[PDB]
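Each chain, letter by letter, is given below.
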Amino acid sequence: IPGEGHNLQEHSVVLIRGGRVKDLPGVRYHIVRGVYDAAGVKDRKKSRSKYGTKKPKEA
Amino acid sequence: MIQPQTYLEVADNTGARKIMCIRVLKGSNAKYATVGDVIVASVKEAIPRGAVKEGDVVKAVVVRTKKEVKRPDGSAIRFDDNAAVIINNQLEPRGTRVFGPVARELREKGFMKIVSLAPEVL
Amino acid sequence: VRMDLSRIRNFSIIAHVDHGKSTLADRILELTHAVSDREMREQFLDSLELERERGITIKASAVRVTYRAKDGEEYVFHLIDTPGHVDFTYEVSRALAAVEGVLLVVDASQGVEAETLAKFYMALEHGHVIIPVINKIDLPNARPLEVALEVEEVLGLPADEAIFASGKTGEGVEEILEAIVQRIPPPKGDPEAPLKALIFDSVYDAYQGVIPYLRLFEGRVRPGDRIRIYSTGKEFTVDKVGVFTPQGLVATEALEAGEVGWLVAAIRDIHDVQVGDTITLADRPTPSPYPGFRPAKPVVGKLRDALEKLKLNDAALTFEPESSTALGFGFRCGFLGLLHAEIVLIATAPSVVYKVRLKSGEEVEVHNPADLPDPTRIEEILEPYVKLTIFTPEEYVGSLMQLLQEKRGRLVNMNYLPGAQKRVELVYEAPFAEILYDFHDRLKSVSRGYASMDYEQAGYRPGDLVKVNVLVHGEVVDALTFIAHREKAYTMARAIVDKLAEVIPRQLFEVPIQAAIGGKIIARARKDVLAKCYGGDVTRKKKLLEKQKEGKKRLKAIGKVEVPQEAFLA
Amino acid sequence: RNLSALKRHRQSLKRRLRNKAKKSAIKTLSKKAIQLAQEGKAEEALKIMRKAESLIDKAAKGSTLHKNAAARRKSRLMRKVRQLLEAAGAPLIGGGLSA
RNA sequence: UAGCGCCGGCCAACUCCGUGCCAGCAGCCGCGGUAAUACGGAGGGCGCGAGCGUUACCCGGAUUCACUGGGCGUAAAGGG
RNA sequence: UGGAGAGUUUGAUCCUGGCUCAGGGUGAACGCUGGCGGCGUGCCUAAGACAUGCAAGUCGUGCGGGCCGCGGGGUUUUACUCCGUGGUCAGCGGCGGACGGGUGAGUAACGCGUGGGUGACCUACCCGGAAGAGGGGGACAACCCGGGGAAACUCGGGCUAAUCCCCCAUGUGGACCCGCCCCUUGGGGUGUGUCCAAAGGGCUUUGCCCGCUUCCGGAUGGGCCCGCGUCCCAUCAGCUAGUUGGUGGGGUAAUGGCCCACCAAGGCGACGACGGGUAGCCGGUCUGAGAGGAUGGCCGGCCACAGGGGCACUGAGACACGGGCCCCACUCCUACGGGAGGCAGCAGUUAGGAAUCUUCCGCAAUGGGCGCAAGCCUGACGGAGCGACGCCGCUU
Ligand SMILES: Nc1nc2c(ncn2[C@@H]2O[C@H](COP(=O)(O)OP(=O)(O)CP(=O)(O)O)[C@@H](O)[C@H]2O)c(=O)[nH]1
Numbered sequence: 070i071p072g073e074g075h076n077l078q079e080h081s082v083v084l085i086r087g088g089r090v091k092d093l094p095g096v097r098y099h100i101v102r103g104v105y106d107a108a109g110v111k112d113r114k115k116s117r118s119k120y121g122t123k124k125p126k127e128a
Numbered sequence: 001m002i003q004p005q006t007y008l009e010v011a012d013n014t015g016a017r018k019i020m021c022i023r024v025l026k027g028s029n030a031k032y033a034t035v036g037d038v039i040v041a042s043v044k045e046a047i048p049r050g051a052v053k054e055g056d057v058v059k060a061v062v063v064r065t066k067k068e069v070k071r072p073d074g075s076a077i078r079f080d081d082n083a084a085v086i087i088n089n090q091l092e093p094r095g096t097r098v099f100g101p102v103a104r105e106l107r108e109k110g111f112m113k114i115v116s117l118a119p120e121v122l
Numbered sequence: 002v003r004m005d006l007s008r009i010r011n012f013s014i015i016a017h018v019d020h021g022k023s024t025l026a027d028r029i030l031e032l033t034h035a036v037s038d039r040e041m042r043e044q045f046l047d048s049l050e051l052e053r054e055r056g057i058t059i060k061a062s063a064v065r066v067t068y069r070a071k072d073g074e075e076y077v078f079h080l081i082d083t084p085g086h087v088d089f090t091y092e093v094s095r096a097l098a099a100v101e102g103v104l105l106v107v108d109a110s111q112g113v114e115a116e117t118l119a120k121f122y123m124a125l126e127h128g129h130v131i132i133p134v135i136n137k138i139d140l141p142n143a144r145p146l147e148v149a150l151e152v153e154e155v156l157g158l159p160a161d162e163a164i165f166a167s168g169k170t171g172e173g174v175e176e177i178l179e180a181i182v183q184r185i186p187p188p189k190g191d192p193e194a195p196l197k198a199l200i201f202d203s204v205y206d207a208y209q210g211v212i213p214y215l216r217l218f219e220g221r222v223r224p225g226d227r228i229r230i231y232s233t234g235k236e237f238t239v240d241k242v243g244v245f246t247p248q249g250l251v252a253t254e255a256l257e258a259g260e261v262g263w264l265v266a267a268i269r270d271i272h273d274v275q276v277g278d279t280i281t282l283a284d285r286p287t288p289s290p291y292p293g294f295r296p297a298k299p300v301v314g315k316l317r318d319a320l321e322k323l324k325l326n327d328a329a330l331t332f333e334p335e336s337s338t339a340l341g342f343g344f345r346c347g348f349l350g351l352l353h354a355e356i357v369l370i371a372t373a374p375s376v377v378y379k380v381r382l383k384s385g386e387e388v389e390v391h392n393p394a395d396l397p398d399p400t401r402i403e404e405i406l407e408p409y410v411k412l413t414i415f416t417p418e419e420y421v422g423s424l425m426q427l428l429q430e431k432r433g434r435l436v437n438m439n440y441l442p443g444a445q446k447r448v449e450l451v452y453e454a455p456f457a458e459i460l461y462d463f464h465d466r467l468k469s470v471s472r473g474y475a476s477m478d479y480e481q482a483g484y485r486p487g488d489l490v491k492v493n494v495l496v497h498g499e500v501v502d503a504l505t506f507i508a509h510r511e512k513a514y515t516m517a518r519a520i521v522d523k524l525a526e527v528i529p530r531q532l533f534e535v536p537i538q539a540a541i542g543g544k545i546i547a548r549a555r556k557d558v559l560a561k562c563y564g565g566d567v568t569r570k571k572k573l574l575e576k577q578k579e580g581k582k583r584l585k586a587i588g589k590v591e592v593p594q595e596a597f598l599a
Numbered sequence: 008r009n010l011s012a013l014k015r016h017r018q019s020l021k022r023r024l025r026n027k028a029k030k031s032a033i034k035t036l037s038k039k040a041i042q043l044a045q046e047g048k049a050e051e052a053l054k055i056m057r058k059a060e061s062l063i064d065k066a067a068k069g070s071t072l073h074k075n076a077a078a079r080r081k082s083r084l085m086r087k088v089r090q091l092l093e094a095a096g097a098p099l100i101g102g103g104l105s106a
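Protein chains in written order, with the authors' numbering: chain P, 70 to 128; chain g, 1 to 122; chain C, 2 to 301, 314 to 357, 369 to 549, 555 to 599; chain X, 8 to 106.
Wrong hints could be hidden among the right ones.
[Stated by the list, open to error] Have a look at the derived ranges for each label pair, beta carbon to beta carbon:
| no. | chain 1 | residue 1 | chain 2 | residue 2 | range |
| --- | --- | --- | --- | --- | --- |
| 1 | C | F597 | P | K124 | 43 to 53 Å |
| 2 | g | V121 | X | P98 | 31 to 41 Å |
| 3 | g | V69 | C | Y461 | 54 to 64 Å |
| 4 | g | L91 | C | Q577 | 49 to 59 Å |
| 5 | X | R8 | C | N142 | 48 to 58 Å |
| 6 | C | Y461 | g | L91 | 32 to 42 Å |
| 7 | X | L13 | C | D327 | 43 to 53 Å |
| 8 | X | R8 | C | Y122 | 18 to 28 Å |
[Said to hold, decoys possible] From the derived model, a few chain P residues whose C-beta atoms are all more than 12 Å from chain C:
| no. | residue |
| --- | --- |
| 9 | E79 |
| 10 | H99 |
| 11 | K111 |
[As the list claims (entries may be wrong)] Cut-off 25 Å, straight-line C-alpha distance, at most; resulting in silico cross-link-like pairs (SDA-like, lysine to any residue):
| no. | chain 1 | residue 1 | chain 2 | residue 2 |
| --- | --- | --- | --- | --- |
| 12 | g | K109 | C | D161 |
| 13 | C | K169 | C | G385 |
| 14 | C | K235 | P | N76 |
| 15 | P | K111 | C | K491 |
| 16 | C | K315 | P | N76 |
| 17 | g | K113 | C | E54 |
| 18 | C | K322 | P | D106 |
| 19 | P | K124 | C | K235 |
| 20 | C | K71 | C | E154 |
| 21 | C | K315 | P | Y98 |
| 22 | C | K379 | P | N76 |
| 23 | X | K65 | X | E50 |
| 24 | C | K324 | P | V82 |
| 25 | C | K315 | g | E54 |
| 26 | C | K468 | C | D161 |
| 27 | g | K113 | C | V274 |
| 28 | g | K67 | g | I47 |
| 29 | P | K123 | C | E333 |
| 30 | g | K53 | g | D73 |
I should point out that these hints are in silico values taken from the structure, not numbers from a laboratory. From the three backbone atoms N, C-alpha and C, an ideal C-beta is built for every residue, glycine too.
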């Protein structure tokens, strides 16, 4: 799980391309935030694109 | 015509042309499995992917290959023994059944819709 | 019908449960229609045929008359009147304060009831004309005068006309008709205005373009044009309204200024909770429409994952997440009730989650019944609540105030409306989930199913609840235990605990699975070789009796697992 | 639902009579000559050969049969005539053969 | 109607408070355990531009399939 | 005439090599936003389904009615048979129903490439050409009537037209067998005998106008048979009984075991079969100095199917995507007797799956089909509809 926003349980539909997280074997898939019932962290003002979040109105 | 368990032809929604029977459905003592009746039974033969798969089922008569009578004494024999299949209390799973016109079938008159669905040749 | 400005009206025949709300407008209206051996049979009005199971009509849409007046208004008035019984009213309320006035014949048998009072409470906020008409040909045994006059003492209405048109055939509104135009007000059909036109009942697109039949209360409209309502309304040209005919879509121009035309085209399956909230139609600068549209609350590996079969009518439960140790199964489905059975789970009745506030400051921490076992001294559960704000007839409080204490009820502030009659206004805070079990069914019985309820919840800080668990030889068992509040410990003990016996026994050990709720146990839920050396030796019997007796001590211990869960959950 | 060209079928149905039987006739007649070919009744076989010619061009009159194949029927049949005239035929008319 | 990503080094362009072996991003090395230029926050710069990252694939690059243009004793291997 | 690199190992260094990044790009894609205009372009995953409307005819200058009209009458009335027919529905008879619209599944093979072979052929309607163009008889639809039927339809009998068929003339000649000359594997010319021809209607009445016909000229189309080219696996190493040829025969626009019987015994195979996996394929496109590699959808070329499977029929030409026949699955309709159908055509719905499109508008030209012309159709095309989806320009 890429990100800073824990969510989702025994089941939660989302979707996934992956990307190397060259830290642990075989695992290969960083699901993007906010898609389907997965959420997205906020506050992380710039770099909202990855770890998707719409821009807040300076608030 | 009558049967506890036996080989009896299903010709219905099984993936192959057979069902093993279990027994008569109503009167405790009866032995005889009279036509115009629903029955408990099961397929023994195979299926192409399909749906109904292996398990258990309750369902109904077609034909006899053992002497009917009519009140009008119409008569009609047939060295073969297909019989109907049903889901729930009543409704017919497969929307397909090749078969002919025939007589005793509708006469229970609990399941009129079927009659249309098996009208034809052979 | 060429019927330009003027004329038209708004009348509806609403009544209690089982009253033939589909008798009057059945047929033989002289208008000529529905026949050819394929008559609309009993309980016409499209429907869905599926209701044939018990003619349980869901709603009443379309069905408009034309000619029938001895050379008068010809035909100018709606004819929609959804039936049922406090099962779709609130949700279908959208049609309540829609057409002024509402007809309905009182049942010669049961007679007036709750649905009568509550049904009227709406015929006011909107502004309609009362219509008292006792139907039913009096049947074999039944009074026509008493019954009629009856609904005149309580309802407060006097000989406001009616005529025992008689339910079965009989007169058949053979009077109301020529009287309708005389016993009804006008809805004003302005030739043009900035198109006031609130959204009516949703009707799928059938295969191209939804059916949002509107009603130009003050303005005109044509086909294939633009539209804009509050939410802008991203739409375009659309087919001309044909009107709620009896069969397939009809022809002719669109509706009029107040008529009952359906809005087709423009939309195609494009479903986005765009149920609407106003005339939706656009053309100029017309202020919004009377926000007289809204329902209320819920009252009570795939499979779907999106029961969007018709969110428009959906009670209120998008499945959500729900954290249930068991097989979760059905979720937030105990609200709709009475309604069910679709096509292709287990209704665990309630599933309240609540909000936990562990000490040391840990916020909600995602409250649940299996979210982090008990690690530190609980903070007394704590959660919200719901006050009591629902009218009532006669003195039914006696049963309410008694059962109301289902959860340390607190007389929020009893009240008694004046001018009314018996109708009171009690108030008492409580919980959420709790008000989901042994409440609904009681809410009616206690007061004979009279009046409803509506709150916003309330209550926090303290509130007992504990965490009643269970025992089963093994440990932790399936996944039960929640919060035994108010002796609720043993309350359900002899109930759920005594889960029959898991249906399956497995072995002849006879493990004693108690209820380690939090004690101090609470709940309290083999070969036959011995007799074979027959006729003697209360000795050797014992010899072979100990052999197996030793296995038990070596079985239950070594025989790990012995957990036959995933049975029925009951 | 009422596309109308069924025409061709049913119309052609009368045709499936026509030529077909006509074609069939050619066989019989041909083999009758062939039958005759066995027995020295060549005159007969060639009068029938004539008739065969007739059916050939009856087919020729319109959209029935010909190509080389008509002459296949011709040249074959008559060739048979010639090989059995070889069988001590002592041939009669040129009405069945070029002189 | 102006915005997205970007800044250890490659391969461009700086600090700052937060944080303090967590929470972390990460083409590649990985970079951080109480003063972090990679981690948050600003601010700046950079980049392109109404489109910017974005994986996936495609070959290239790459002589990492080699006819052009290779190597094969100890580095991978000469058949007993 | 076109070919940039860096980085990472170990205390350090240099090799062999591996990793991944700098290049561009493709039917795309979440992410943020999102002004317009222009252009391009959008099922490559179940070749599942698929509802309603719509995709191929118009011929009364072919033929005869039913059907409404126009008005006169043949006619006094009661009327209707009729003079033009104005039309019109159906039908008979004509030519198109194979070209267009689709998608590319299954097939690795002469199917396509690329080139030849066509001395074992065929062309509807094309112009050019020799022309040719009589008598005679006969059936069908509807019509009448009976017959079955909720309808649709289904059934007998009786009439009736003609470019329909037959009838024998009639031959500028054509077809074969046998015989010839001249090229010599079914080349081109002569040889007798058979065999063989086929409506008129339209118009302004003898001329026009469309047609009708054998034969010829080439045009054009298609066809087959081979040269060569045509994807990965040798843990698939031998397989083949119309399988290989011969006779003779058989049927076929045309050869060949395409088929049969019979005679023979094979016959292919490490140059790579018999298998297996995997795939319309070439135009091509993309990469890249080049060498080269990869891929092949929108645009062009055929095959291929065009519910699954198969077979034929008509016929100028097929194995017939809006035909027939039948099985196999499926559908909805029935009044319960029976039906009627096949959206991988259009447009468009669900299921699919991350992903993908207006139930446009139109006969205008461009295209075809008819027709002597008017005339008439066609979701061909046209432009527009909508997805920064790509692309060019465009202000902020
Ligand atoms: N004996 C009798 N039956 C009546 C009378 N009026 C109505 N009914 C019968 O009762 C049935 C139900 O009445 P009706 O109100 O029209 O239907 P409904 O109660 O609205 C059912 P739903 O609410 O779902 O529409 C009807 O099918 C009708 O046959 C009556 O006066 N006498």
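Tested hints:
Checked against the hint of 43 to 53 Å, the C-beta distance between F597 of chain C and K124 of chain P comes to roughly 51 Å, which is consistent with it. The beta-carbon spacing between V121 of chain g and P98 of chain X, approximately 59 Å, falls outside the hinted interval of 31 to 41 Å. Checked against the hint of 54 to 64 Å, the pair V69 of chain g and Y461 of chain C passes, with Cβ atoms roughly 60 Å apart. Restraint check, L91 of chain g to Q577 of chain C: a C-beta distance of roughly 52 Å satisfies the suggested window 49 to 59 Å.
Distance hint check: the CB atoms of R8 of chain X and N142 of chain C are about 57 Å apart, consistent with the given range 48 to 58 Å. A C-beta distance of roughly 35 Å is found between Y461 of chain C and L91 of chain g, which places it inside the suggested range of 32 to 42 Å. Taken as a hint, the range 43 to 53 Å holds for the pair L13 of chain X and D327 of chain C, whose Cβ atoms sit roughly 52 Å apart. Between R8 of chain X and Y122 of chain C the beta carbon distance is about 55 Å. The supplied range of 18 to 28 Å is therefore violated.
Not every CB of chain C is more than 12 Å from the CB of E79 of chain P (nearest about 8 Å), against its label as outside the interface. Every CB of chain C is more than 12 Å from the CB of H99 of chain P (nearest about 22 Å), matching its label as outside the interface. The Cβ of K111 of chain P lies farther than 12 Å from every Cβ of chain C, with a closest approach of about 17 Å, so its non-interface assignment holds. At most 25 Å may separate the alpha-carbon atoms for a hinted pair to count; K109 of chain g and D161 of chain C exceed this at roughly 51 Å.
Distance restraint check for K169 of chain C and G385 of chain C: the Cα-Cα separation of roughly 69 Å exceeds the 25 Å cut-off, and the hinted pair is therefore not satisfied. For the proposed pair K235 of chain C and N76 of chain P, the alpha carbon gap of about 34 Å is over 25 Å, so the pair is violated. In summary, the hint linking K111 of chain P to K491 of chain C is not supported, as the alpha carbons are separated by about 35 Å, beyond the 25 Å threshold. Our distance criterion of 25 Å between C-alpha atoms is met by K315 of chain C and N76 of chain P, whose separation comes to about 20 Å.
In summary, the hint linking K113 of chain g to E54 of chain C is supported, as the alpha carbons are separated by about 17 Å, within the 25 Å threshold. For the given pair, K322 of chain C sits about 20 Å from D106 of chain P by alpha-carbon distance, which is consistent with the 25 Å threshold. The hinted pair formed by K124 of chain P and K235 of chain C meets the criterion: a straight-line CA distance of about 24 Å does not exceed 25 Å. Between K71 of chain C and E154 of chain C the CA atoms are separated by roughly 35 Å; this puts the pair beyond 25 Å, and the hint is violated.
The suggested pairing of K315 of chain C with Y98 of chain P holds, with an alpha-carbon distance near 23 Å, which does not exceed 25 Å. Between the alpha carbons of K379 of chain C and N76 of chain P the distance comes to roughly 17 Å, so the proposed pair stays at or under 25 Å and holds. Pair hint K65 of chain X plus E50 of chain X holds up; C-alpha atoms about 23 Å apart against a cutoff of 25 Å. Distance hint between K324 of chain C and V82 of chain P is fulfilled; the C-alpha atoms sit about 20 Å from each other, no more than 25 Å.
At roughly 23 Å between alpha-carbon atoms, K315 of chain C and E54 of chain g fall within 25 Å of each other, so this suggested pair holds. Taken as a hint, the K468 of chain C and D161 of chain C pair is broken in the structure, with Cα atoms around 30 Å apart against an allowance of 25 Å. Between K113 of chain g and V274 of chain C the alpha-carbon distance is near 40 Å, which puts this suggested pair outside the 25 Å criterion. Restraint check for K67 of chain g and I47 of chain g: not satisfied, since their Cα atoms lie roughly 32 Å apart, outside the 25 Å limit.
Distance check on the hinted pair: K123 of chain P and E333 of chain C sit about 24 Å apart at the alpha-carbon level, within 25 Å; holds. Pair hint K53 of chain g plus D73 of chain g does not hold up; C-alpha atoms about 40 Å apart against a cutoff of 25 Å.
Hint check: violations occur at hints 2, 8, 9, 12, 13, 14, 15, 20, 26, 27, 28 and 30; the rest are consistent with the structure.
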